[PDB]
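Enquirer: Given the coordinates of chain AV, assemble chains Ae, q and D onto it according to the supplied hints.
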Amino acid sequence: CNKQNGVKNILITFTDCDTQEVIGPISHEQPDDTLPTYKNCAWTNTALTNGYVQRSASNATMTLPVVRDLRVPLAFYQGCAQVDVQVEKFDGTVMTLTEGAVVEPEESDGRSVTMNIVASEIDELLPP
Amino acid sequence: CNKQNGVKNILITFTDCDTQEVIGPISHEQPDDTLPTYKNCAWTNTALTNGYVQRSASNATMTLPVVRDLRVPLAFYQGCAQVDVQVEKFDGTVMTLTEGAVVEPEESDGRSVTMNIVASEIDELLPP
Amino acid sequence: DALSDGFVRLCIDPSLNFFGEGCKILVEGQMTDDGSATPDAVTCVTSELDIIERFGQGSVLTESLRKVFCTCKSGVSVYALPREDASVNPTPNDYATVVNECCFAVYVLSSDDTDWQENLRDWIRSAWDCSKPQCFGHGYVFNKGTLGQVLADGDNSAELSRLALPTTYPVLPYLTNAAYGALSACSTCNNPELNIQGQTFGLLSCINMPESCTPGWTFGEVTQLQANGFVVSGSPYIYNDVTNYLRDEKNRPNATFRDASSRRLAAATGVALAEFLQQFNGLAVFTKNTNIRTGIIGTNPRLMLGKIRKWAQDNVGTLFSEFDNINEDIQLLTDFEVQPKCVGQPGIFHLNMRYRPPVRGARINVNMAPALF
Amino acid sequence: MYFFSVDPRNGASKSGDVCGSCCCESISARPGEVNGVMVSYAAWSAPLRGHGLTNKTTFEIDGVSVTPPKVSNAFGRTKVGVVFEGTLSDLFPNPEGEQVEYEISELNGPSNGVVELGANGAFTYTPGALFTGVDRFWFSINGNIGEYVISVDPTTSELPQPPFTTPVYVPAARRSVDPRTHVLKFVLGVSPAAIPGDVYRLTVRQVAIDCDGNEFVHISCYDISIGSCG
Numbered sequence: 003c004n005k006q007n008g009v010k011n012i013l014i015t016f017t018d019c020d021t022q023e024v025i026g027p028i029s030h031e032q033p034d035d036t037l038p039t040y041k042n043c044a045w046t047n048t049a050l051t052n053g054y055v056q057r058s059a060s061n062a063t064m065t066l067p068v069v070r071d072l073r074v075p076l077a078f079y080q081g082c083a084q085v086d087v088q089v090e091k092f093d094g095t096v097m098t099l100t101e102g103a104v105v106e107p108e109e110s111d112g113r114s115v116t117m118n119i120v121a122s123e124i125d126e127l128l129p130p
Numbered sequence: 003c004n005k006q007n008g009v010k011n012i013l014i015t016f017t018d019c020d021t022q023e024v025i026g027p028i029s030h031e032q033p034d035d036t037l038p039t040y041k042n043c044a045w046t047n048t049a050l051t052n053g054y055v056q057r058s059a060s061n062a063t064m065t066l067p068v069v070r071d072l073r074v075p076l077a078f079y080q081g082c083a084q085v086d087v088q089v090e091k092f093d094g095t096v097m098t099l100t101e102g103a104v105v106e107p108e109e110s111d112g113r114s115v116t117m118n119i120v121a122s123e124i125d126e127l128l129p130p
Numbered sequence: 004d005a006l007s008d009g010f011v012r013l014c015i016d017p018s019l020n021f022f023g024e025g026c027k028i029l030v031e032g033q034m035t036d037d038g039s040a041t042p043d044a045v046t047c048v049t050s051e052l053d054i055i056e057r058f059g060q061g062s063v064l065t066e067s068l069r070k071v072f073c074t075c076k077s078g079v080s081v082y083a084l085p086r087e088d089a201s202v203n204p205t206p207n208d209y210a211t212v213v214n215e216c217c218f219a220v221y222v223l224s225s226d227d228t229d230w231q232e233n234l235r236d237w238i239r240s241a242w243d244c245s246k247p248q249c250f251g252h253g254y255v256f257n258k259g260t261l262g263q264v265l266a267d268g269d270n271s272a273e274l275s276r277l278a279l280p281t282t283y284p285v286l287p288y289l290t291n292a293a294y295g296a297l298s299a300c301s302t303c304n305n306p307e308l309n310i311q312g313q314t315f316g317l318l319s320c321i322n323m324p325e326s327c328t329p330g331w332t333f334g335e336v337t338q339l340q341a342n343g344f345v346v347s348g360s361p362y363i364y365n366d367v368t369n370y371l372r373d374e375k376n377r378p379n380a381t382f383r384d385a386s387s388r389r390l391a392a393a394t395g396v397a398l399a400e401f402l403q404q405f406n407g408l409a410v411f412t413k414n415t416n417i418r419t420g421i422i423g424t425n426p427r428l429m430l431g432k433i434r435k436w437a438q439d440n441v442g443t444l445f446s447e448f449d450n451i452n453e454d455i456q457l458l459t460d461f462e463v464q465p466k467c468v469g470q471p472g473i474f475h476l477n478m479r480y481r482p483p484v485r486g487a488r489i490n491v492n493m494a495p496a497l498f
Numbered sequence: 001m002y003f004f005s006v007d008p009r010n011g012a013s014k015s016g017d018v019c020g021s022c023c024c025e026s027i028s029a030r031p032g033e034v035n036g037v038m039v040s041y042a043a044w045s046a047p048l049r050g051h052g053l054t055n056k057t058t059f060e061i062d063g064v065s066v067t068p069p070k071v072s073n074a075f076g077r078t079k080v081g082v083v084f085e086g087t088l089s090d091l092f093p094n095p096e097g098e099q100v101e102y103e104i105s106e107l108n109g110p111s112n113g114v115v116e117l118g119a120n121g122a123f124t125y126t127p128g129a130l131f132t133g134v135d136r137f138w139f140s141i142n143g144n145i146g147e148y149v150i151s152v153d154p155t156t157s158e159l160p161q162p163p164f165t166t167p168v169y170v171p172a173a174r175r176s177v178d179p180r181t182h183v184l185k186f187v188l189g190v191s192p193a194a195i196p197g198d199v200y201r202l203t204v205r206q207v208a209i210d211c212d213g214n215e216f217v218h219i220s221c222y223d224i225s226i227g228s229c230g
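Residue numbers (the entry's author numbering), protein chains in the order written: chain AV, 3 to 130; chain Ae, 3 to 130; chain q, 4 to 89, 201 to 348, 360 to 498; chain D, 1 to 230.
The following block holds chain AV by itself, in its conformation from the complex:
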């Protein structure tokens, strides 16, 4: 089975980290065919010798391209606003994220941004 890969809904909530004003949750639209990427495990590993491994602490990341909403300032996408994102695929999966922080801002053109969200933990809801 495995219904078509692809994204269906993308929700984003902006909270300015200075005045603590909240905007959203607003929807968004994919700018192209590519999909957001994920990494859930908060513990990266490093190749030691003879099969062993060093398990250190790290951050759950998420890379997500969206079309800029013409009512939210571009600064809120460039890393001047705490974001909470949610994605839902066709097969039923949903990925939620709270208290995210846009890290390593990349130069954009004003209509399509690619946000590198970093959060403490991303939660799934493996389809029924």
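Don't read these hints as lab results, they were simulated from the structure.
Treat the hints with caution; some may be incorrect.
To be verified - Here are some of the chain AV residues that sit facing chain Ae, going by a computed Cβ distance under 10 Å: (1) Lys41; (2) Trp45; (3) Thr46; (4) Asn47; (5) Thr48; (6) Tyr54; (7) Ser58; (8) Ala59; (9) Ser60; (10) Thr63; (11) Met64.
Beta carbons are placed, not taken as given, at the ideal position from N, Cα and C, and that holds for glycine.
Expert: Leaving out everything else, chains Ae, q and D in the frame of chain AV:
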């Protein structure tokens, strides 16, 4: 599981040597990939001539980097309170140190301190 | 002098409150005539200014309230429900009207009337399940006599902590009960988790019991009514601070709502969950063709379930224990489908979550084995 | 218009009983309004494949917080065409000593007559010519609201006495049920004398029917909260 070199739990208990108040045992989190380092033998050695050695008395040392907990004052990490530390690795080892004292404090930025703890003796548990 | 151009206003005042007083505690008992106060009406009591003037010289409520004020002197806005006199003790049923929306956390009843106690139980229960602005709180009451009676004078009522007292207990029950309730309230205002038990924290301060050399309940009968939920007291300190909760609907073995702390934690989680869910107001809920359009503040049941599970998995550890199977306990049972487009009324998105209070420390029974070489 | 979806009495509801909840539904009401309520028994009667509901619904009103009124009601009688007189002072037993500001709200006045309020607790009611029935009008003595009922006779003998309508009531015959979509409709009337803050409870007993004519009972509960300004 076996073959995973890393820390899992870090417990610290602060006791002020001025007001006799106790705080803890509070858990802490590693700030980076570096692990706490240990030295159990309380006797240092010095290389004499022709295979001999001068066995003198010394202390049990410990080096522990941790993220400052935003409820305990910073002074308690800079050597202004007696600490009781207890670590557990992933392979089962747990090292306990009681009534330690932070020696030679280093400058900090407020979010990640590196404690050089000195104590009389450290015990290991040697997973079964 | 200085301070003669405004821009500073000295207000030297020996007595002055700046603590955002909280944790209301209702105390209820019998008065006497001289008390110039309206019977059967929730009265606020600032301090010990009114000793007997509005309560009564000798009134059980007076003495209980006195003990209450003795135990602790901080942050607890005490109250009072001065029931009138009738011997056939008075049996009110008024409570619903009498104690309206106001949410008194701790209730302290001063009587041995099983009927009165049962009524207070019912009020607290009807407050927990139903009731708007979800009130909260445990109830504290005593029960005195011989094993048989005390052991058989208590049902599965989880809303009450029934302090058990021997038939020879050389103190006035009212005093001890009030003291216990008061101390619990005063302590658990900021932090609910604290198990009020043992010697250190749970030592009823103002009892000054006459030192003796023989207790009431002996080890046997104690061990007996510790399986059966009671609040046995040994100055005298309190231990096994549990509630009279032993059994869910029929499957007797159950330990979730045993410790009072569990109950208080459940309350703290209820209020937090409520304030959380408050964000899910005034937005859409696409529930047929979920394709939430670009630039609209909308959601669908699945995203709701997602966010709920997220919050839950976050709060794990302090508010409750690790969910065994999070995709079974949490359930956002909605009804939106039923709701037809020929009417607008939204809002039935009931949520039902399980509860297992954080596991704590208990008997650590040790077995030493001396030897030699 | 209120719309309620009924408990399906299946199982999931209230995790069986483990939960229980079932706290009676809420209905906000305002004194004077006459609203409509609908309840959808589909979620309960659809699995019971049969002939749907029947016109055998039953209601009950009981007060859980009433706040008894200060001013009492009154009833008077007169013939057709003849003018009626009355007083408005003996209806307000005042415990304290205060002044009596008689008033007749223009919103809830009479329907087939005209009332001239006197200067000191008096009133003259001229009934509508060529009319015989009952009439009511709501006075506000010192803010406290009460009703006055008048019975005009067809000059022959006499008319019976109406039952002095309650604060909250459900009209005698204005209920209906659609067996095709499993929906029961009824009306909820709130008297202008209902005191804000009072709470009443309404219990509804609805009976479905199987394929052979047997019965299936269901009972539900709601709390009518008499509030002011919505």
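Enquirer: Run the structure past the numbered hints and jot down the numbers of the failing ones, going up.
Expert: Hint check: 1, 10 and 11 fail, others pass.
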